[PDB]
Structure formats: structure tokens, C-alpha cells
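Colleague: Each chain, written out:
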Amino acid sequence: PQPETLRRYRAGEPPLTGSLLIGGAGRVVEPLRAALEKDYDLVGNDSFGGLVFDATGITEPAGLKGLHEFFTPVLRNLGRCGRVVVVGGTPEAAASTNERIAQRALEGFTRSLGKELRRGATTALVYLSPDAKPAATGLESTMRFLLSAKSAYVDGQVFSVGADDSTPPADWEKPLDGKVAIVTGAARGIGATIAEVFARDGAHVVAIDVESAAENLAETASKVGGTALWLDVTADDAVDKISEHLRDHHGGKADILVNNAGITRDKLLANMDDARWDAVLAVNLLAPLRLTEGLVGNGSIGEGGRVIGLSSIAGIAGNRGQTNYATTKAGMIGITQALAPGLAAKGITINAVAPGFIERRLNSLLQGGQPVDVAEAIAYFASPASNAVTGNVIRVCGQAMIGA
Amino acid sequence: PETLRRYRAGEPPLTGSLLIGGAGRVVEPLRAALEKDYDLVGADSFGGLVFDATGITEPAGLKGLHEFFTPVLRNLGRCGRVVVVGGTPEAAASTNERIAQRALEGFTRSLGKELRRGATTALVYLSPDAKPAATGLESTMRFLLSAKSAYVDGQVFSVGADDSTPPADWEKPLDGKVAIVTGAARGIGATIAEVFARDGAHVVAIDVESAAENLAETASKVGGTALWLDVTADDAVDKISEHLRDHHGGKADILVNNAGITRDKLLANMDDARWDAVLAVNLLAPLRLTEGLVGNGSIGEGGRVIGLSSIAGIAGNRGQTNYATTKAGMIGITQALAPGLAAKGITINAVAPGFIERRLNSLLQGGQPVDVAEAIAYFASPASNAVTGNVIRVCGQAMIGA
Numbered sequence: 029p030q031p032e033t034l035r036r037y038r039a040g041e042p043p044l045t046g047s048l049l050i051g052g053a054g055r056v057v058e059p060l061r062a063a064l065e066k067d068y069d070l071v072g073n081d082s083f084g085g086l087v088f089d090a091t092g093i094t095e096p097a098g099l100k101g102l103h104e105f106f107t108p109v110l111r112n113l114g115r116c117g118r119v120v121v122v123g124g125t126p127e128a129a130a131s132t133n134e135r136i137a138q139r140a141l142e143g144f145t146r147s148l149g150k151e152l153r154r155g156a157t158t159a160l161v162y163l164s165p166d167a168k169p170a171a172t173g174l175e176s177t178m179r180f181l182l183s184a185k186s187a188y189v190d191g192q193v194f195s196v197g198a199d200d201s202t203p204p205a206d207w208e209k210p211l212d213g214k215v216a217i218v219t220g221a222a223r224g225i226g227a228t229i230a231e232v233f234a235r236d237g238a239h240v241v242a243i244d245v246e247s248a249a250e251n252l253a254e255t256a257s258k259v260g261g262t263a264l265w266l267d268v269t270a271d272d273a274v275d276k277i278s279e280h281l282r283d284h285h286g287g288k289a290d291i292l293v294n295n296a297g298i299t300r301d302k303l304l305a306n307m308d309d310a311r312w313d314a315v316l317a318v319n320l321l322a323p324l325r326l327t328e329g330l331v332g333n334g335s336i337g338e339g340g341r342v343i344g345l346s347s348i349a350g351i352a353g354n355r356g357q358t359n360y361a362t363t364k365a366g367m368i369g370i371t372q373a374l375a376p377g378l379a380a381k382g383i384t385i386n387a388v389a390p391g392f393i394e410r411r412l413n414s415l416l417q418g419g420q421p422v423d424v425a426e427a428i429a430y431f432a433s434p435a436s437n438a439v440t441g442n443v444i445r446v447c448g449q450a451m452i453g454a
Numbered sequence: 031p032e033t034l035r036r037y038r039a040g041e042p043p044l045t046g047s048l049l050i051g052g053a054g055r056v057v058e059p060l061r062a063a064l065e066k067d068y069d070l071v072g080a081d082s083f084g085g086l087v088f089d090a091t092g093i094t095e096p097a098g099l100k101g102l103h104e105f106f107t108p109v110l111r112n113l114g115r116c117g118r119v120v121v122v123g124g125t126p127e128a129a130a131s132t133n134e135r136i137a138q139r140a141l142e143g144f145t146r147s148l149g150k151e152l153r154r155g156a157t158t159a160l161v162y163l164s165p166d167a168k169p170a171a172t173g174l175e176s177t178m179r180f181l182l183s184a185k186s187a188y189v190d191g192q193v194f195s196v197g198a199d200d201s202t203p204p205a206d207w208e209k210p211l212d213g214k215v216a217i218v219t220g221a222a223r224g225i226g227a228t229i230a231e232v233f234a235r236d237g238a239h240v241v242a243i244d245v246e247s248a249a250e251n252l253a254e255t256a257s258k259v260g261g262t263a264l265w266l267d268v269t270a271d272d273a274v275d276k277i278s279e280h281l282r283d284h285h286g287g288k289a290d291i292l293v294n295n296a297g298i299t300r301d302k303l304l305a306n307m308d309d310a311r312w313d314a315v316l317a318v319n320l321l322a323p324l325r326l327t328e329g330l331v332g333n334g335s336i337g338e339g340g341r342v343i344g345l346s347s348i349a350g351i352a353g354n355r356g357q358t359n360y361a362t363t364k365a366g367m368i369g370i371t372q373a374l375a376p377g378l379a380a381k382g383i384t385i386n387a388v389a390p391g392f393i394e410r411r412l413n414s415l416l417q418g419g420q421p422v423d424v425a426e427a428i429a430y431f432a433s434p435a436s437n438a439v440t441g442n443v444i445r446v447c448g449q450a451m452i453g454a
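Residue numbers (PDB author numbering), protein chains in the order written: chain A, 29 to 73, 81 to 394, 410 to 454; chain B, 31 to 72, 80 to 394, 410 to 454.
These are calculated hints, taken from the structure and not from any lab test.
Using N, Cα and C, we set each Cβ at its ideal position, and we do this for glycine too.
Mixed in with the good hints, there may be bad ones.
[Stated by the list, open to error] Partial chain B-side listing against chain A, Cβ under 7 Å, derived:
{"hint": "1", "residue": "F144"}
{"hint": "2", "residue": "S147"}
{"hint": "3", "residue": "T269"}
{"hint": "4", "residue": "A270"}
{"hint": "5", "residue": "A273"}
{"hint": "6", "residue": "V274"}
{"hint": "7", "residue": "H280"}
{"hint": "8", "residue": "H284"}
{"hint": "9", "residue": "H285"}
{"hint": "10", "residue": "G287"}
{"hint": "11", "residue": "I291"}
{"hint": "12", "residue": "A352"}
{"hint": "13", "residue": "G366"}
{"hint": "14", "residue": "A373"}
{"hint": "15", "residue": "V422"}
[To be verified] Counterexamples of contact, computed for chain B against chain A with all Cβ distances above 10 Å:
{"hint": "16", "residue": "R55"}
{"hint": "17", "residue": "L152"}
{"hint": "18", "residue": "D267"}
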């Protein structure tokens, strides 16, 4: 079982290499068909490039059967780098506990199916607010991202779409036309590729990196048709400096901020010095927070704004030698979750991307566990003293590597 | 691999001293609370390192984690326990405080991967509405600060605001309690019965009739009762309720939905039988038992529902689209029913067992920078205004996670 060469985005190419089957029952199927009919080859009863299942109509666990009924007969016809998407209803917003449970259970389904798919095929779960209007226009960008070569390395993940309508870009292939985007860490690596992708999608990019990036940063700004700003994002004056650059080049405004700049100072916590802790917190956590609040606070980024942070799987799973780094990346999730409410009021979205690997004894305790260990956790919940503990889900796994 | 210290009656909870530090609202209450039963310090190894992160109100403050742990970690004992206690981030007073407190999970999970000799880490969040004595935290801390938590490592616990009363004896906590344990004939269910019995509970041990012998056997080891039945049958609730009216004055305190089956199969090759049976036992049944027993008064104030989820339900597993669905569902039950059960004085929780006695992703390859950029480009879209607060891995579905 070798890796498939992942189909990636190329301009002008069809978004899927095969047909799109949209099934299921609920409030998404009709508009999603309506919305995708022209750009995608919709089929119903070649290979399937995408299978999309509306699970939003499943309102009790009993109805989970629909998943099986839809997928089993079609999975054998899924194409190279095919896309499986289940769309569900935000569980927390369900009309009933029955519906919440069924809609929550979907994620086990999609993550499991992800591990069954072949030839570079992926799964995604997308939840949509029950307050979305029937046209479900707020969902379209997610679906088109998923149902394209663009999402090539996004697999088994969960997306959450709110209630709001969306207007499409003039051109889905030039979706950031006209937009001004700041990308930190842009001289090289993922930063530089973000810049490029942004420029490719029509955005004007302000490429930020540290002064020592030198010509690398100028190469990036040159390549993407944008501007270079040399800057330490940790500096007190960083927001003023970027604010000035924006006044100079972009009428005092950016649309998009990507906090991509980050450093590692790996060291076990037992051997960690102040420098390696502080530097990593400064760049990875404090600077992005300060840039976001500075640039939103002084009106640089207003209504329609986008902030995207680089989190990390280390931030999610922890990593050895990376208590500093992982703290910052978990921090980045925290920024994302913490500011989302405030920024929404301002018409600004904040999201994070957590890259993984980008070019038994499987647990911290290095052993299988015993039944008593599971029992003990259950007895802890059972205790009359544990009345303040509810709604918890605790793995008894010796910190198994495996997870979401 | 360290031979893990497990609970034996009448040993000290930890093998060394307990250091409780930090600044915040939990340090003093916890010291005062744990001073008799533990060897509080504030040479010999630390059995326990507890750090109160609840004073950290902004990310600059996270330095505190480092200032506390770095100089003491080298002195952590065999099967030591590191616990960080924070404020529930959703409930912080400021975005700065939420961010910092949210950050702690990256810390604790990382450190967990650094500790040696069977030592573990935990994160406990405590509601900022908890009273100063933080009595509701105690059981969590004692569980963690003991050998009972041997295989629980890197996790996060979330403690609400309600006060607690300790059991009469922390080492017979379920004394006078009646526990219904399903799938109790064999395996994890049997051990749950054993541990409940050990802790003083009378266990009502349930399994299928084809398992009657092992069940009787289990009921006997635990001085409990064997009630065999199909939990998926319409009459399950009634039968259980009858047993309770007969033997325990119509009341149970604890329901553990442990019964489950696997019918593994790639979804492409799965028949209704493998799907439906898994659904029936693992999701429909526990939901029916729980609503059923709570609904008719069998489980009331002070009651506990504990469900068995599974790592498959969190991470997904190949060939278990069915089982994972039910196990994530079981998370669903836990989450969905918590608020309405809280109102009835009942808690519902789930345990998710792990293994109990570049290419590491579904896409079998590393990603490219463009893959990340595209995800970022998607959020950046003007048409992605309805998408906020999302965190999305770009990882080819890496095996690694929480």
C-alpha cells in the first residue's frame, strides 16, 4: 500500500477528476446540488470524485443507518484522491438531545472512513448551523475547498460553519482578488507558499519576516507581486510598523492576517532555560495576539477581515521537548477560540490551521494498560464526591499517540 | 516500560512527597485539603507535582509553568503525578486569560511525553464559579494523586462549580451505593464490578444470558447480583427497574454502560447486520437504559452515569465505521444529556480506553507547504465569512492526536 501522488490545484482544471454524488436527507442536499451543478458533474441513480452525504436530517441515533446505506454501495466507485464529505448539524445547536447525539456521532464515522479510503481519497465532516438559511450559502466555500484538489492533505477533519449568508467571489479561482493579506514568516517555507498561494488567488501580499531574512523576503515579495516588510513581530513597534506599511501601500487597510511566523527552541522542560521558553512564547503566542489585537484595534483590519493562525499538531497532541512550542500552539488555538466571539461582532473571522508533517507500546507509558485502570477512572466518576464532574470524556490510554 | 504502581488498600497514595505550587485560587485549599493524607512539602523524590495555573491571566504569565517545573522535574519519582490546575478557559474573564488557560493543554500533553518511570501528567480545569474551598475538585485530585490513575496520562478534566462532600472513607467511596454494570460477565465490565465492590458498592452485574455463568461468577467475586438480559431488548429498562424495586428499594446510584460489541468490516463490505447490531448495543441501548432509568426514577439525585467510549470514537479506526460511530455517539450522549441530567442532580461522564491487555497518516505521506497554504487560503476567502473559531489540521489525517 504505497502513497498516491496527491492531486493538487492547477488553474483551469476541473475541481474533481470524477463525478459528484450528493445524497442524504436534510437541509443541505438541495442547495448544495443547486450550488455545485455547473462546476461539478453531478450524478445520481465514471468514478465518483466526491461523495457528499447530507446527515443533517438524521435526528436520532437510529437514523445513523443512513450513513451505511449511502456509503457502502458507492465507496467501491470512489476515484483517485476522491472526496468524502458528510455534512451535519452543529451538535450543540441541535433541536434535541437525540439529534445532538446522532450529529456528534458522525465524527467517529468520518474519521474511521478516512482510514479506510484508498488512493489519496479523504474524508471531511462539515457541521452547519441550524440557523443557516435554506440556501446554505455560508457553506459553499468549505465545500468547494473540500471538493477540490486544494484540500489534498486535509483529511478526517471537522469543519464548523455558522449561520451567516455568504456572497461568492467574482471568480472562485481568484477568490482573493483585490484583497490585502499580511503573512508573517513569509521569507521562506510555508510562509512563502502562503504568500504565493495568496498572490495566485489575486491578493496583494505584505510579506513580513525578520531583518535577517534579507533578500529571501525580497524574493518572496518579488515573486508574489507584493511588498516586503522587515520586522520583528515581537517588537513593541510591530503593529505601528505594519500599520504604517499599510497606510503607505494599501490605504491603511488589510483584509487578511496570517500569523505564520514561529520558532522552535526545543528542550525538555527539565533542561529548559528562560531564553528558550521566553523566545518561543514571544514569537509564537504573544506576537500573534498583539498583531491581531493591534491591527483590529486600530482599524487596519475591519469588516470582512480574516485572521488565520498557524497552530500545530504539537499544540493538539503535545510533543516531547516542546512544552514551550506546544504551549504556544495550543495558545494559538486559544487565540482563535478566544477572539472569535469578539471578532465576529466586527465582521472578522479567526481560524487556525494545524499542520502535521509537511516536507501497543505506542503511548507515553510504553505499555498496554490493565482493566483495573479503566475501572479506576469509572469509579472516580462514580464517586459521590465527583458531583462537580460531568460531561467529561477521559481517555484511559497511557497517553496513546493516537487521537484527533 | 515502568511497572506501574496500582492501588493497593492502605498504602500511601503517592510514593513520595507532594509539592503544590503556583499562584491562584487552588493552591491553599488543596494544601489544606490534602495535608493529612499526603506528605506535603512547602532530598526525597516528589510523588506529586501540582501547579496552580489559575492565577495566570495572560500569556506572559505562562512563564510560571516553567519557573515551577523546570527545577523540580529532575526530582520526580517513580510513577509520579504532575497535575496542572487551571480555570475553565471558556469561562475566563478575559480573552487573555482564556488564551493562557487554553494554552495549558499543549503544556501538559507535552510534558506527559517527557516524564520518565511511569510518571504522568494531567490537566484539570476548575470553574471560576467554584467556591474558594474548591471542594468539588478534591475527588479529581485524589484520583490523579494516587496509583488509581496509573494509565491515565495527558488528559484534561473539567470540574464544575458545585461543592462536594467527601465520602465517609475515601478508600470506600462507593460505600452503600448500588451500581448497575453492563457487559459485566467478562473483561472490563467484570473489573468495573470488582473495583466498585472494592469501593463498597453493591454491583448489579448485567450481561446476556449466553454469558450467565461468567456473570454469576462475576456477581459472586464481587458480592453483587447477576441480572442477565439483552440490553437492546425493549423490556430491558423494565427488567432492570423491577430488579431494583425488588432488591434496592427501586433505586440505583450508578449506571455504567460498558456493554459493547465490535463487528469490524470495511464500510464498503459491510452488511446491515454488522452495522445495526453494533448500533443497537453500543449506542441505542445505553441511550435507552440511561433515559429509561433516569426517566422512571430508578436513578435520581446523586446519580452517576458512566459510559464506555473508546479511542476509535475519538480518532477513528479502520474497519470500525460502525463501532467508532457508536463510540463517538457515546461522547454525544455524555455531552448531550449532561445539562438535563445536571438539573436532576446526576452526572454523566465517559471513559475512553486505549490499549488494554512522515508516513503515519491515512495519506501515507508528508504534505507539502501548498497544502497548508490552501487551507489558509480557504479561511481567507471572502466567501468563508461563516467560518470562524475553526481549528483544522492539515496532516493527511495523521495518526497522532489528542
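Colleague: Hint numbers the structure violates, sorted upward?
Modeller: 3, 4, 5, 6, 7, 8, 9, 10 and 17
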